[PDB]
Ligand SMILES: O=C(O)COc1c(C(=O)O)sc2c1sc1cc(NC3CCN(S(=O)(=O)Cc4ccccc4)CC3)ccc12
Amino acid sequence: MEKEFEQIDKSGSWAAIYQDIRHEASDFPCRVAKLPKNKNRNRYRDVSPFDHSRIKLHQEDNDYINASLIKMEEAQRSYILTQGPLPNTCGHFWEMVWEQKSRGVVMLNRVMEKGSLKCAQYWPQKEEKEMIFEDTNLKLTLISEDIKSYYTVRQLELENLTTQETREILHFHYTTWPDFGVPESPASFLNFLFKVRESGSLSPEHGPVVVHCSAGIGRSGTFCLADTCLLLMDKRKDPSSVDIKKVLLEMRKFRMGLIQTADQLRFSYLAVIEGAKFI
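Now give the single chain's structure, the form deposited without the ligand.
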């Protein structure tokens, strides 16, 4: 992978490789996402979940949420990629976390970036000021918060108000992805991924991890692509047979737009290369 990276870098063909992936990426219908009754549940008109892989809310009237299940068969890893919650979809977001039995939520953006709101403040900021989502009958409480230099980890408690059952959720918040471009080094991003792994949030004893940024495709795609490639390098008899382009195209069968720029594609290669040297 490193020799391939050096060749693409020296030939200046990141844009060409990226455009070939965009050209060959799967094109599946998103009929449910485009229904008029779901207009207020979507953040960007160009980012919708495919019907075949969308997560359904266990709701009789409207089961729609902009979220997709990415199921990586060989790696035995699943992820739910979703948009950053909207002011009216926070209850739906936490209903999905509850119903899917997720242990972790991975957030790759700040609430405000470039002076604009990228997602609703969907979790409580103080222990004593819990949030109640009346539409989905859930209460959410901040249990603890550990602020580090490149990321913050929070323990949240989700309570189903109907039964009074509770579930503990870990919120992994990468707070240092630059407003423009990608990080210069993948070191902090890889340390973040390893901290998510260590928590058990990506493990098969739990529901799939819920990952989002604003659209849930750019930085979200880089997170899952790096994690899956590293797992395959550890599992395979020939780790050099792991082709990041092929893994990305496989992921793109489940949600559109994963990796939004040639810069993110180059960053994903860099994170996999540096991650493999570490592992």
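Between two forms, the rigid core is defined as the largest C-alpha subset superposing within 1.5 Å. Numbering follows the first chain given and starts at 1. First, how it differs from the form solved in complex with the ligand.
Measuring CA movement between the two forms with the rigid core aligned, the set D146, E198, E205, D179 has one residue at 2 Å or more: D179. When the rigid core is held fixed, the Cα atom of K237 travels 2 angstroms or more between the two forms.
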Given for the second form:
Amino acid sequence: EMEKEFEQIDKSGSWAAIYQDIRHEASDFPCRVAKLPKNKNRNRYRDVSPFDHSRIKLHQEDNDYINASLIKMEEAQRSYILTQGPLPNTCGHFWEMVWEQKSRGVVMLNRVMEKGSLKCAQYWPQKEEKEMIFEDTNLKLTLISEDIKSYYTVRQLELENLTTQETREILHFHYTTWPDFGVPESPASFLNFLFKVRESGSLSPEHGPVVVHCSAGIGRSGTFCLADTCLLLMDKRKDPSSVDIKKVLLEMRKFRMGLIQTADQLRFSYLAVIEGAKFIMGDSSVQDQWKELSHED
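One more: the block was the form deposited without the ligand; return the form solved in complex with the ligand.
What follows is just the one chain, with no partners and no other molecules.
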């Protein structure tokens, strides 16, 4: 169905119309807390807000607000937290959220500078010997190691609750070559990275939801989660034909606005899912193929 649909859309060249259709149907819920005056400086973009019903609340009495949404995919049985790139004033909240939600993985799909502008704060330590303390949320963060590939880096971080002295390992997955409002180089490079996240165990139901972020937390992040959810649905039923990508996206859009930002990002999601289906249905060669085609070395 999906590969048929994909061919029928490319032929008619109607990706824009298909994408706009989803924009039209998409849920609309209030974002009243996000729009409170006291939270203006907690939002990176005026027009990108978490719905009240699905927002992550910080466990504090001062101000519980963070620009983050819990995407809870009931049928798939996987949850994601989509959030904006933290601001210089919300890095402590970002890590507070990771701690409180018991996340094991953070997926970052942007660079700190893109198109000459700063799309995200430097919210993690770049050097082992220079750890970060977030005074406001009483948290310590230390770079333990990093594994740099050509187009993505995986970092091991240690997060410490300074109140309890409890520590956890966070894995940081940083895709560095995904342009804003753009698409990955190929399905292969995208899937190579997604499977890295998967193979880390960071997506396990044993943990809290993985935190996923680019700059606004909706375009690239939306693309990432849609592809992952569709592959997981397909996997559970071992039935690629049972997956309706647009339906999955619309469901996801119940939890955060604007997920997937361009028609081509939607088109790419189809490509990645169709290609990833090969692995799901038992082709044990494609994963090595993606690794080679990704040029990660």
